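Engineer: Next come the chains, spelled out residue by residue.
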Amino acid sequence: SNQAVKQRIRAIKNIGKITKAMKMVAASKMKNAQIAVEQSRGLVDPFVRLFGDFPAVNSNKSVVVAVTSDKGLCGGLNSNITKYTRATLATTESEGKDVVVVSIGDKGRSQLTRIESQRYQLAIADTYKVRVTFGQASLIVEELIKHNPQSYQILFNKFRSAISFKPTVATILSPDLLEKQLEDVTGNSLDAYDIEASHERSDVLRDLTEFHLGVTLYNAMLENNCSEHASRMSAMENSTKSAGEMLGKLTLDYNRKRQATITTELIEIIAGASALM
Amino acid sequence: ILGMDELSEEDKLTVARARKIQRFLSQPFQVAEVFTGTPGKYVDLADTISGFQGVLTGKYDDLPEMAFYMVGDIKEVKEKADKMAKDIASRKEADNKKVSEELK
Amino acid sequence: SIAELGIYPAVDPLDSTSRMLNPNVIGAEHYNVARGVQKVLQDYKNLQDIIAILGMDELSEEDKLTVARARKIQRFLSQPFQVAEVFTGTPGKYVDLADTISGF
Amino acid sequence: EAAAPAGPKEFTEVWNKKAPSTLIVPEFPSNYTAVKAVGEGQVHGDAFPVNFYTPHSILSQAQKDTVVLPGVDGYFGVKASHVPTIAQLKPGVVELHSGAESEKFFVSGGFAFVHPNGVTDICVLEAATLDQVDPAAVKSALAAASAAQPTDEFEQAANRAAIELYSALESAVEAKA
Amino acid sequence: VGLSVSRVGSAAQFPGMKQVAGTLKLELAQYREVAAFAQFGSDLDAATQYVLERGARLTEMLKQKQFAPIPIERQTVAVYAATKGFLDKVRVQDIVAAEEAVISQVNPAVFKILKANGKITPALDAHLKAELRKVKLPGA
Amino acid sequence: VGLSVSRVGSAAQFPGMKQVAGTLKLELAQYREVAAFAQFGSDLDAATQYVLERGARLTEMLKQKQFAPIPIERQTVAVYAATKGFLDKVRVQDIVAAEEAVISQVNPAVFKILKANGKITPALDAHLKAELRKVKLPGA
Amino acid sequence: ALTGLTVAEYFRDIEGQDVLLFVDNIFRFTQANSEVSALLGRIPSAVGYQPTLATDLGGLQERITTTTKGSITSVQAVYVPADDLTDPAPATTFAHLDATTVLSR
Numbered sequence: 039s040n041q042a043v044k045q046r047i048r049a050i051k052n053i054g055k056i057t058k059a060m061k062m063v064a065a066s067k068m069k070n071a072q073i074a075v076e077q078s079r080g081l082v083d084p085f086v087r088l089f090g091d092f093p094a095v096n097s098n099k100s101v102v103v104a105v106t107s108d109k110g111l112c113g114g115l116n117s118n119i120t121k122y123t124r125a126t127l128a129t130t131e132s133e134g135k136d137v138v139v140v141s142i143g144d145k146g147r148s149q150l151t152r153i154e155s156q157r158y159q160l161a162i163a164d165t166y167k168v169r170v171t172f173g174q175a176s177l178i179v180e181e182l183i184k185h186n187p188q189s190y191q192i193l194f195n196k197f198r199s200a201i202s203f204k205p206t207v208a209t210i211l212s213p214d215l216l217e218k219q220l221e222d223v224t225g226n227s228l229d230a231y232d233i234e235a236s237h238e239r240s241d242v243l244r245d246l247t248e249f250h251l252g253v254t255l256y257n258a259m260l261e262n263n264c265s266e267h268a269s270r271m272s273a274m275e276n277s278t279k280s281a282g283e284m285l286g287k288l289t290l291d292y293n294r295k296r297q298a299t300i301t302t303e304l305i306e307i308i309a310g311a312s313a314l315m
Numbered sequence: 419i420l421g422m423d424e425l426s427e428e429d430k431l432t433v434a435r436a437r438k439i440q441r442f443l444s445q446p447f448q449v450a451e452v453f454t455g456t457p458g459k460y461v462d463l464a465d466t467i468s469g470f471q472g473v474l475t476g477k478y479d480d481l482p483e484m485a486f487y488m489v490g491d492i493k494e495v496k497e498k499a500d501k502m503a504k505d506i507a508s509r510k511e512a513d514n515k516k517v518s519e520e521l522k
Numbered sequence: 367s368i369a370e371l372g373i374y375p376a377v378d379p380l381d382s383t384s385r386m387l388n389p390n391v392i393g394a395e396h397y398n399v400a401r402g403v404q405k406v407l408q409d410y411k412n413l414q415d416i417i418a419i420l421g422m423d424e425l426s427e428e429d430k431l432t433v434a435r436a437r438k439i440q441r442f443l444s445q446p447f448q449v450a451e452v453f454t455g456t457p458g459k460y461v462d463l464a465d466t467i468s469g470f
Numbered sequence: 023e024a025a026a027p028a029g030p031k032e033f034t035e036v037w038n039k040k041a042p043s044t045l046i047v048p049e050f051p052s053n054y055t056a057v058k059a060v061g062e063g064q065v066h067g068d069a070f071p072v073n074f075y076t077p078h079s080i081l082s083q084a085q086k087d088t089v090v091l092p093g094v095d096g097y098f099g100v101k102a103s104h105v106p107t108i109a110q111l112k113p114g115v116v117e118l119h120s121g122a123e124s125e126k127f128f129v130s131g132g133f134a135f136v137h138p139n140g141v142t143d144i145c146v147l148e149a150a151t152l153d154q155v156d157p158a159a160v161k162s163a164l165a166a167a168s169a170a171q172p173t174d175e176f177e178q179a180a181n182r183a184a185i186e187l188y189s190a191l192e193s194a195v196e197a198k199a
Numbered sequence: 423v424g425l426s427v428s429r430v431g432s433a434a435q436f437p438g439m440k441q442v443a444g445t446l447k448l449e450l451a452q453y454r455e456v457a458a459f460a461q462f463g464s465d466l467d468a469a470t471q472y473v474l475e476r477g478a479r480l481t482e483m484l485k486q487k488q489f490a491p492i493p494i495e496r497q498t499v500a501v502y503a504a505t506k507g508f509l510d511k512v513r514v515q516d517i518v519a520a521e522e523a524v525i526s527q528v529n530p531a532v533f534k535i536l537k538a539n540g541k542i543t544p545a546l547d548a549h550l551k552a553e554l555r556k557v558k559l560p561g562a
Numbered sequence: 423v424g425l426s427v428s429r430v431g432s433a434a435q436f437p438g439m440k441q442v443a444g445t446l447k448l449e450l451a452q453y454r455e456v457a458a459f460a461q462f463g464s465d466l467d468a469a470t471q472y473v474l475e476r477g478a479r480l481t482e483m484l485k486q487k488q489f490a491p492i493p494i495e496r497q498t499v500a501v502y503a504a505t506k507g508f509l510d511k512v513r514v515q516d517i518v519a520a521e522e523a524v525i526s527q528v529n530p531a532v533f534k535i536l537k538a539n540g541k542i543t544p545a546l547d548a549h550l551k552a553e554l555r556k557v558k559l560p561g562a
Numbered sequence: 262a263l264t265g266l267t268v269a270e271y272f273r274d275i276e277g278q279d280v281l282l283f284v285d286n287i288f289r290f291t292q293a294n295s296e297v298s299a300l301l302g303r304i305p306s307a308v309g310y311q312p313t314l315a316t317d318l319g320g321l322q323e324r325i326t327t328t329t330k331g332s333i334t335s336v337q338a339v340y341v342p343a344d345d346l347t348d349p350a351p352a353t354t355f356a357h358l359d360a361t362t363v364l365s366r
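Protein chains in written order, with full-length UniProt numbering: chain A, 39 to 315; chain B, 419 to 522; chain C, 367 to 470; chain D, 23 to 199; chain E, 423 to 562; chain F, 423 to 562; chain G, 262 to 366.
Don't read these hints as lab results, they were simulated from the structure.
Here are the simulated distance ranges between beta carbons:
1) E:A469 - D:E148: 48 to 58 Å
2) F:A552 - D:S193: 54 to 64 Å
3) D:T44 - E:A478: 14 to 24 Å
4) D:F176 - E:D465: 47 to 57 Å
5) F:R429 - A:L290: 28 to 38 Å
6) A:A311 - E:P491: 47 to 57 Å
We treat Cβ as the ideally placed atom computed from N, Cα and C, and that holds for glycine.
Bound conformation, chain A alone:
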């Protein structure tokens, strides 16, 4: 029973160096993937200063995406997104609107089914294995365009810094299925612009909203990956703290057992010798 404690110290110390490695790994991945996150942050801005921000609009059909992580030591990031999924998905509910829920990342596949199982249709996963590219987000936008709602919702975590990732819902409306219908006030605000397309405005907005979905989906799953790495860096920071305080308790209790072992073996030896002399 004195060797159960020594091997438990062995287990806690190897766990405490594993988590300290994974903290530095997450910190290394957070800096060389922030060099790709705030590069892609720019292209979201022309579409929001062109189309605006219409989250609570009365869509007939809506596809909501919660883009989450694939690996699992992120520390309550994906669960916070799973709760903001229903927190923003009940604020849409005004007339019995249809909703399709879709998860990007393996840890959203397991977590939305507990709350919304009949409204689940697609799981995109293995997305951060090599990297995130725009052709990939384009294909995910294509399969979100196969069924064609009137609105899109993307739920992710905006990578502010290595401390805060306050989560974000970004909204993308189908071209004149609801978007220009949300633009017409005493005329319209979209009619200021000269459409310089080949075909009509109804097709330049058709192309323009697929490009907006691809840009928003790319930036969402890039910001979510960088916030995942910083959340894992903050999660394995508390794991080495816990595996150090548990190690210190176990080291103190081992010192007690070591002292008691020497005392009890000594008392046995003295009692053996005193029964002869």
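Here the structure of chain A is known, so what remains is to put chains B, C, D, E, F and G in place on it, guided by the hints.
Structural biologist: This is chains B, C, D, E, F and G only, laid out in the frame that chain A set:
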């Protein structure tokens, strides 16, 4: 080490239920009320069996953890769970209209 | 630990030593394969504390090859004994020295 | 016709009724942009802000005085207080000028907006500087692109985009200044 | 406080201190609960922030200096001024000067009434709620 | 190396070996601090990966082969060839062959100077440094 | 250590000085008194030490004090046996210590 964020949903369910049945095993004693101040409860055996069966099957997952702490039986869990919830609002309006001004 | 895996004879490969393990006694083709088998079984044990936690998701396509080759080595140290036909099921195997040198 | 006037502010107000109250409001893409379209200003004479973007880069964000954009009708130019425009670009050379010096980015196509406040947002996928293209592989690929001509209008439309992009790349690489 | 205990001296202590200190034991209990939940500060309920601020006020109240013991009425009034309001203006640092300002600026008749009566009578509770409002707190 | 000390220390070291062992033990201390993270190879750090790669070089330097003890000038020439960087090219698993590729290919007139003078003077440092680039190491 | 104490106590009590005594490894003093207690056939106390460990240590350390004449200030090197501060030899020594100066690498 890894927190409750790494657990399964089955594991999160058994951790929540086990915390509730850990708090529910505690009980105020009639001989402890002279130094705890909480009056003690004698819980009958039928009430013990029925209450712990209900917390096992998942009939009382609506209730928080601290509603089970230091109560007699499962009627008092629901009473304390209404009372903790009801208070969550009532924290003020001891501002004026006192019995402790100078000429009361 | 080797016996609970089912590797029989449960000989600890790292902990078993001999004075016949010098290259000027048993040759270099025997000595270097024995030391290489021991090195692969040792850095597998250094990886094994992270396989049991993470699960072969990062392992660099050479340490994954280390884990695979060492699992093949760990199975290949096992051998059905001619006196253990009563125990499990198997007829026993006599392996010559050159055969196991060539195999490992 | 616009009976659901949403926004960050309306979603903040309605979201405090159906979500639990301890949850802070989810952020919106509006909260990280100080520049809008209807917010007048940002002009200051001759130079205008050119937000030349890319999915994997930001190629320019400083103010320039004239931008040559390769729209689908043809090459056009943007001076300071230009008319509002949503221009789809064919594969061509976006010329950024600050004076006598010109940087020539050959882009892949993708839209370019001019807003009422004079901000211009060029938004293309692959936006290479024309320095880093070789003049050999373009006709080398267009010789094959002029060969595989199937009845598959998916593949034929890809061939049309191929020969048109490659032809524009050729006509932009022989015509250097 | 979670491990210290005195069961024979309980319900045999100063009656005014017994009227005040049950709220103090309960508030330090909830402070221990929410410090047992959040040993790192990032998730703030703003009611958990309230019990954190009240617990940090009270554990600054109870800590004192060496070789200077306090009479029990000046401890009763000092923890009366803390388990109630009267100190939330003071932030977390100036509480050691705040309680000294409270002991100094309170009219010293109420200490004689609290010592002689044994507990805070409702007249004394009225004068004590009154006297803890004309006190110049150093956190302002 | 972390637990083996000498309370006499480097006052009784071969000079010349003292020139190179003093930075060898610092490099091995840095490697031991960043050790057991070499299983994270796909998870690269680009500042600790250098000291991890060089620590894996140097632990392969100090291996020996059983009743072939080495004279001290050959030892400090090997620690020079591994410490200063002349074996940064070679792969980590054939440094035991790259060591006698240094000992047998550097001409043995260097060993007489380093033994007789008992230190690496710059007059010998330049010649040994030139002699350490013309070695035909098993590398690619 | 008592011989060094006597040399220091002469400077304190006759010369009237502020003496410095350096007991190099007070743990070796403890270990030596433990050996002479084991050799005189006494039953060892906790972990393995002499039964008189606190008094054999306090007999040395209580002569290091300030008198009205002068003082003795003692700088004693302390070895901690198994990196265990709850071992009875450093736990008995640390009752007597008035300061630690930890020298770090």
